[PDB]
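Up next is chain A:
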Amino acid sequence: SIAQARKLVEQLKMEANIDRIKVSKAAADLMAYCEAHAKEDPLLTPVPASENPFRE
Partner candidate 1 sequence: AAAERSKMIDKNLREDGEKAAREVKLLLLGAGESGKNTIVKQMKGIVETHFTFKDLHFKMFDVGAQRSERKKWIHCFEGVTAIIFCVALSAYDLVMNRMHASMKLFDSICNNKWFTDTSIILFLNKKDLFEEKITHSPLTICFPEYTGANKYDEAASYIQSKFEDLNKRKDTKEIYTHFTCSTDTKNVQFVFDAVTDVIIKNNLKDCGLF
Partner candidate 2 sequence: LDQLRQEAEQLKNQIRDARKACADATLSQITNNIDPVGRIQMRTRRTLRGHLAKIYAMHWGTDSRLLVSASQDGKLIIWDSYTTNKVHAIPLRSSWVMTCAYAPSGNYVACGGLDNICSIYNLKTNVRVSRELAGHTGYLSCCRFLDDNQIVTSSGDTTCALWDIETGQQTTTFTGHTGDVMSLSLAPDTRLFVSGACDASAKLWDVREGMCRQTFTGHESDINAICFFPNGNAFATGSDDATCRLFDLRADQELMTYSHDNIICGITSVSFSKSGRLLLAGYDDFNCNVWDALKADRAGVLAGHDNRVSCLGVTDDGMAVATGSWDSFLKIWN
Partner candidate 3 sequence: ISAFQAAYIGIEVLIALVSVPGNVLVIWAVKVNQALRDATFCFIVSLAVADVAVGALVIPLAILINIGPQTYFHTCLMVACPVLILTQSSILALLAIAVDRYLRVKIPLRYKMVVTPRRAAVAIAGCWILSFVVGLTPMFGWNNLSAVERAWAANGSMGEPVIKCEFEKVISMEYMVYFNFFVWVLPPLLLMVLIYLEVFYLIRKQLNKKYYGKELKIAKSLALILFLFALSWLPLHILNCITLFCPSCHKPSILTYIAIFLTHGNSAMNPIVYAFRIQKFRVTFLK
């Protein structure tokens, strides 16, 4: 039962050795994406009636 169970540890070993980035850099990248693409979001900033395909 140990030999089948042991294989999870090598996966956990793979997860253990990776480099992690700080939340301050990670969270900054998400807000940077949102601000840069605000103009291409028709749900965030509503579009005029004529431009809107479903209800022109």
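The criterion applied here is as follows: contacts are C-beta pairs under 8 Å (C-beta built on N, C-alpha and C of every residue); 3 or more make two chains touch, one makes a residue touch a chain; residues count from 1.
The candidates came about this way: all candidates are chains of the complex that A comes from, given by their letters.
Every candidate listed (1, 2 or 3) is part of this complex; the one in touch with chain A, counting any copy, is 2. Taken in their complex, chain A has these residues touching candidate 2: 1-2, 5-6, 8-9, 11-16, 18, 20-24, 26-31, 33-34, 37-38, 40-44, 46-47, 52-55.
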